[PDB]
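Shown next as structure tokens: one chain only, the form deposited without this ligand.
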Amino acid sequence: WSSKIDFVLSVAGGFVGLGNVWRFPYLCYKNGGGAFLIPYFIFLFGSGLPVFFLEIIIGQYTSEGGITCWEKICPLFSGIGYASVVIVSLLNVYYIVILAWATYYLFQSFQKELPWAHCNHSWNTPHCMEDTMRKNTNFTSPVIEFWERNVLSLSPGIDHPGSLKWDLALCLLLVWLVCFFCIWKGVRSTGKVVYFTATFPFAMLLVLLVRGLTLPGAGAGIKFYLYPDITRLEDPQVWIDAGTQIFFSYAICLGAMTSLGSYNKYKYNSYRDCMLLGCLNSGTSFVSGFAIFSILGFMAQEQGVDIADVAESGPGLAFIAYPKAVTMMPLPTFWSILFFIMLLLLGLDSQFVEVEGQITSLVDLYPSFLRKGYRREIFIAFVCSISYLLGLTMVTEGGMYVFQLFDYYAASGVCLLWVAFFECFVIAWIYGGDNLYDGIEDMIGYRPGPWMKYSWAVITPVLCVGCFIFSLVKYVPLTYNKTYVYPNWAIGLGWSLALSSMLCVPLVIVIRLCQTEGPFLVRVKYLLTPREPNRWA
């Protein structure tokens, strides 16, 4: 009631999504259970929360979105905004594809028996034994066979596109139509409906966690998830994956948080409200990991296979562990329907915000003719179409590898670290930590501690440079389910996708330097001078 106003901030969002229920457990399973947690917490307490708070501060202080805020903070490094516009452009290409998969599952759960519960279907290989009789050449679980042969129909490689999955294509088209109709009119129920749309995911996750814990053999899965392997920390990929998972969950380095914080009033205590949201999101990820890694332990106990070889290392872990746990609950159809409705709600809640922010940024880029002369709706329908067609490369039979490439490069990997390092360097060494603290004192009412200052100045750039150096020196090529080796051209395409956003900052720097006149020192003096960031106040 009276205190719910604070919870009203939590009603905004940013505490639950597909980056906690889907991406975090799959990344943890790929990079080992316990060894993934230490870099995750290091990036959470050293770079994640500081960068989130910094983006909120920039948005509130400059009262501008992703692009225009850097025009007042440091014009020379304005391309940091543009890179974000690229990243959010790539994410919307593939982040919605997951929904399609879930949508397909939501269409497969409307029958008497779940299709992923028996081997007696037409999409099952001859070597398919039910998990109950698994313990009595190699045998495959019916859930994995349903995921790989019916939902995906996986191809031998990325160079085998095959044909378009008509069911998956129809589901993706339906999801895109829903997004367009929810953006072309901006139909957000809010009211009391937001209560349900915010409490249902936690209600379902609590039941999932209870079911996972009650499953026999979950102790081994929990031990695998918690106890870290020290040697696995030597691989830089664990650190990169943890940092990029933190950034993906916090939606930072995309310009969305700056735009969201621009709505906040100048005299607003956002320091506490950003730490609360970050802690809630991290706790949600940590708790949701326990359910999946207990289901994995139960599956490993019942099948007899190892915990690390019982599911898919790559994407789709949430489509193997959760559907398997659903078949254990009484009346599995109802629980499967609820779980996939929750997944659809979370995905749509994230996608609406991301696509609307991208459209707003692109309209504000040049509204003279994009939204004034020409009808704005024409831009809404077109962009999604461009995002829809580019998604059809992940609808084909061999589209899972393309989705993995996008998930590893388009909105993760070195691009997010690059953007975070540039933001922190611009704020701490160009704008100045004390200069920003002076504004923060007026914005929130008190001077923050040295944690944010030393994270922006030292910790985050050091982490984002060490990650680059160690990932380049110890270069491990990307693999799918630790069995498939991508071709050289696929790796080149992924690196080109990363560079499409990485090169925005240097190109904008070059353009800005070239458009100016005079000796180089005069140009660098003009372009590094803030353009009255707090003119709005």
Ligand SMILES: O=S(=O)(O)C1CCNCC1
Contents of the next structure:
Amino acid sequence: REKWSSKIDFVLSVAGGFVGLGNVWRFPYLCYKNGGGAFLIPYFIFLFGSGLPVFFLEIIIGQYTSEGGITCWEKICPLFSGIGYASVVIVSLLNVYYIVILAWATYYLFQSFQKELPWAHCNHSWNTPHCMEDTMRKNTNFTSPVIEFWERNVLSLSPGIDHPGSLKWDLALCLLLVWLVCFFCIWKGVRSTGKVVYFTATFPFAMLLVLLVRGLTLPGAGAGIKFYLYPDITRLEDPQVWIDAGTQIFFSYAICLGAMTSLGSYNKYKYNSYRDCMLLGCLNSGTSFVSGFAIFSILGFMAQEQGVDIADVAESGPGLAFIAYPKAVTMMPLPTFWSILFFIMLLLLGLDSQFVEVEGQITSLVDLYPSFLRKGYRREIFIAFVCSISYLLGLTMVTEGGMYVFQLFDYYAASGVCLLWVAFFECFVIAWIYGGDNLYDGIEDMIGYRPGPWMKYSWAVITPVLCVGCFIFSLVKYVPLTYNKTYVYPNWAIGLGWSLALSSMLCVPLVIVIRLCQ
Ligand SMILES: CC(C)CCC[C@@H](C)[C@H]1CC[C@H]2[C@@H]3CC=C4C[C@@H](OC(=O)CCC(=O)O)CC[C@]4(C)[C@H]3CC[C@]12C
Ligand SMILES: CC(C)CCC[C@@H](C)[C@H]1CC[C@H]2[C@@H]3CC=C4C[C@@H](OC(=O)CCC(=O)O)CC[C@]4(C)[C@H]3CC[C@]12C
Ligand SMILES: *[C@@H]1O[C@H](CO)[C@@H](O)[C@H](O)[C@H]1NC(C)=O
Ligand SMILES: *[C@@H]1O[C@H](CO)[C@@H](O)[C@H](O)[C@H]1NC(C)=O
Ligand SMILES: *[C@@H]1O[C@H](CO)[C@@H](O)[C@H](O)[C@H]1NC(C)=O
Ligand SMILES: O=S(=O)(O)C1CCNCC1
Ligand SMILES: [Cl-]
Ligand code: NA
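Now show the form solved in complex with this ligand, given that the preceding structure was the form deposited without this ligand.
Now the full complex is given, and it begins with the chain already shown.
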């Protein structure tokens, strides 16, 4: 009972949905976890095999169904709604740890207003005697001031997950503030996701261009470019690199999250030609490809400054951005204003992504039961309830020692086997039950043109093989998850993470057996 008011609002909403902290922070992190450029070889193959095809697929399904993401697949076939349920579970478990990064980002923002940058000096109440300045570091028991800051000021590092500590209040208050900024932005101005943002949309691109120019100008970038580009065929046999590359492809474009299907489902039949899908895919691929240039150039500068190997300069964990950016902005003149602008830009990206996902999930939940809900004051109950539940549940990652739970969430929840499972089932059903020929006939009149033979040999052959092979190789060749290559997780922690992944995985067989029973 709702549709877009402008033809450009849908495009802006979709665009804002996929550009953000996934292709500027996690992408360099995942490409840095595995040495060399071996990340790139599966990147392009998985892109042209599953990314753009599915990216068009749920869009066209949503526009044909004009209904919620949980029920869009229901319209296609009565079974396989486990895809939608797994998507909603994945997004619900993804928001929890996707807002904590914004929480400490805004903590950095508030801590950046000071006259002198806290991470540019060595003497603080949270610094060990093993504190040497990186400028004179080159002048095996020494670290850099930013490394000490990241692990002893923003969040104190407990010796392990087995020993949780005391709940920190600064990060909890910052994350509550983020939730308050997100709540008022939802129950007021629902159209603001694409209405007033027309002039602010160019701001992140301009800031990214400035960052790219500054990073390219920054010395010691040749090593970073070589590491980013040139591949390493030596270590392709283990499935770690393929798994992370495929999951990054499926992460940046937000496949299997039930968001793009709803965004396209807002529009009614006979929508414009979907060349915009291939346009937006190319736009996001280019943004991700160019951000890595600046990121790896600044990591190359850090490597040439500290004097250690490129693979060991950072923590190889989710703190890559917050250890790379400060070292780049400390030398570049006028640190304070540029730091403020940079962190507000990060908040903009994270926020837009956060409320888009929240809108999608809330739309799915309200479409699940429409009898009990109506557009009006009644939305307050189910917005406040979900916000409070998420705030309380995400309080276990801001405590000292909550970093480990965050890393477990990053590795298992909303990534890895669950995404491949859901995508493989989507392609399998759409190709071998409904039929690609039916979709071509349905879209011929809508588009006005017959697409080339590239949606039938990519929905039925290319994607299922690259999903099942990676899944089987991951099962056969197993390596326990490690943090910073040093810590060894307890067995019950690995069991908890595997249960986290299996909760999303098991959605499909459960609904299949339930529908088979009756
Ligand atoms: C932030 C946390 C709480 C998220 C946890 C995962 C949720 C996405 C799951 C957990 C329980 C699920 C619900 C469990 C039961 C139902 C009832 C079901 O329809 C029924 O009423 C029939 C079955 C019944 O009576 O429960 C529709 C899906 C729904 C709302 C599920 C929607 C998805 C939910 C909320
Ligand atoms: C329990 C642990 C191991 C996993 C974490 C919980 C959720 C990830 C899963 C587990 C069982 C799932 C439920 C199993 C069965 C159903 C019924 C099915 O809904 C219906 O078809 C409603 C009835 C109907 O319309 O016929 C799909 C949603 C739901 C509530 C599922 C929602 C998601 C749940 C709660
Ligand atoms: C660190 O050095 C500064 C300047 O040398 C000094 O003022 C300060 O007391 C020292 N200790 C701490 C904890 O800052
Ligand atoms: C070692 O000391 C100075 C002190 O700032 C440092 O900047 C420089 O790298 C070194 N000086 C030399 C090698 O003359
Ligand atoms: C310095 O590094 C050595 C490594 O051989 C280590 O044994 C020592 O504990 C470290 N610290 C000091 C103060 O020597
Ligand atoms: O790539 S992002 O836009 O930042 C985000 C989008 C939603 N799925 C996780 C990544
Ligand atoms: Cl990407
Ligand atoms: Na975004």
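Numbering follows the first chain given and starts at 1. We call the rigid core the largest set of C-alpha positions that still match within 1.5 Å between the two forms.
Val193 shows a C-alpha shift of 2 Å or greater between the two forms [criterion: core-superposed Cα displacement of 2 Å]. Comparing the forms between the two forms on their rigid core, the Cα displacement of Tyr271 reaches 2 Å or more.
Once both forms are overlaid on the rigid core, the distance between the two CA positions of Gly304 between the two forms is under 2 angstroms.
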